[PDB]
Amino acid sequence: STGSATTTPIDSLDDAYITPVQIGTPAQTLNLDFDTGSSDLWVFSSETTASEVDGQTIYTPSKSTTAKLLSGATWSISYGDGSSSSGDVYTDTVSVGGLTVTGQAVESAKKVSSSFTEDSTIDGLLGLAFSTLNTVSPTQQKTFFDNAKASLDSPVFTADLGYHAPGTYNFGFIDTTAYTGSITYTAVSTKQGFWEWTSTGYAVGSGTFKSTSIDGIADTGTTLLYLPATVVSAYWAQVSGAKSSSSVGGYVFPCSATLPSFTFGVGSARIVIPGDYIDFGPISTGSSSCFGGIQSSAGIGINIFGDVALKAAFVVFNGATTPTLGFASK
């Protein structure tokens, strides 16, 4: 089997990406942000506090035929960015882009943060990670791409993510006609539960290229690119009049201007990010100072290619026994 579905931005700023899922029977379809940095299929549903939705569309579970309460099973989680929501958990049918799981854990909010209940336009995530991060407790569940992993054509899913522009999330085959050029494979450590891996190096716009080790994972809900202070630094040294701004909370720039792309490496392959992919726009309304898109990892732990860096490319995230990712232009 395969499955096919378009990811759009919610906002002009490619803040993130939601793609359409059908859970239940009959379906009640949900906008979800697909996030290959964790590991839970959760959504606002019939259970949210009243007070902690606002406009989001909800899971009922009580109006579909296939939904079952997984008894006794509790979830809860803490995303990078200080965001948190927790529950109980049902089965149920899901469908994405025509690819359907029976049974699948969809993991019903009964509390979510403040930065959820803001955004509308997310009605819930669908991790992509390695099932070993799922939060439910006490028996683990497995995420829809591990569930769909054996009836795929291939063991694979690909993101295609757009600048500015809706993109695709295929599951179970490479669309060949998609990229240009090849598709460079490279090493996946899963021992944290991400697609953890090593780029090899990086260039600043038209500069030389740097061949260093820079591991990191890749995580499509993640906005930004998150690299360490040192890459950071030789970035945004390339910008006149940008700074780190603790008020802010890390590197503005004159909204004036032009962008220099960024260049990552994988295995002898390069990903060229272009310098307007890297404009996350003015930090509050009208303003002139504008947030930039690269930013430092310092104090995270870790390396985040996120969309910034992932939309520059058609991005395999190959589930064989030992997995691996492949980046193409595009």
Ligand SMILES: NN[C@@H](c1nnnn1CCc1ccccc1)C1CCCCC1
The other form holds:
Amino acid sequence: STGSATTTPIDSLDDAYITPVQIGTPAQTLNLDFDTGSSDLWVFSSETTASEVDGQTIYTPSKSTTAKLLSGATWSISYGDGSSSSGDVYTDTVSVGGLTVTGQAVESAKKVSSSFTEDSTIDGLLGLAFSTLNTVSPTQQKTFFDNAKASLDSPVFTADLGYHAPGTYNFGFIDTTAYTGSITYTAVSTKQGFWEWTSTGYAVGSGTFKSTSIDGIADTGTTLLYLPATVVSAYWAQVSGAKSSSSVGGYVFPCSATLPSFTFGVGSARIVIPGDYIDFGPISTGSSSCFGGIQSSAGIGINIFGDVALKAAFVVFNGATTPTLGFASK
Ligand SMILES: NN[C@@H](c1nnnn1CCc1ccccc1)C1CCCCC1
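For comparison with the form deposited without the named molecule, would you give the structure of this protein in the form deposited with the named molecule bound?
What follows is the whole complex; the chain from before opens it.
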């Protein structure tokens, strides 16, 4: 089997991407944030504290004839950005772009933190990291990809995120028309539960490539590109007037600037992030100070190849017995 679904930016800045997901019988379609940095599929629901719902579409398990409460199961997640959610668990039928999994753990939110409430466009998350990170207790549950794997034509999914435009998540096949050149594959460590790999270096604009190992994760659920402070300093030093602002929380730059590209290495191959992809607009409405899309990972504890980097490439998440990651230009 295969599946193919369009993913759409939630706003004009590509702050996140939402993908429609059918849950239950009859289908209830929710727009979920596909997150290769976490491993819980959770949804706003009829059980979510009413004051914490503000425009989201909710899953109502009592209206699904295939929903079954998973007895005694609870979940609770504290995300790296300080957000959180928790609740109970149903199993139900979940379909993504024509691909159907029966008996998928659907984690129903009873509580969500303010940042989720305040984003009316995201109805929940669909985790695509490794199932070892799933938070369901006392019986850990599998991700949608792990459940579908055996049925897929090939045990892979691909992320093709658009710049200020829709893109595609495919399951079970590689669309050879969706990229240019060849896909370069690179080794993955699952030791932290992430799609963790090692970039071979970087370049800033037209500058020379610096060969240096950068360990990080491929994370569709992170907006920006978080890299070591040395790398980030070298990038913003090429932007006149750019500075790191403690009050804003990262590098900012004059909105009048033309940003240089950023290149990262995948083995001997190179992925080029155009400068425009690094512009996340005014720090506040009407400001002429703009927020940078490349930020320091210092104090995160890990480098993150988030959407800024991933949307410059066609990315293969290969879930073979030994997982790997593939990157192609497009
Ligand atoms: N999508 N899973 C990330 C996440 N969890 N919560 N937010 N992010 C977005 C990333 C981020 C990093 C720093 C500041 C703000 C946001 C995890 C972050 C911590 C490492 C594991 C992945």
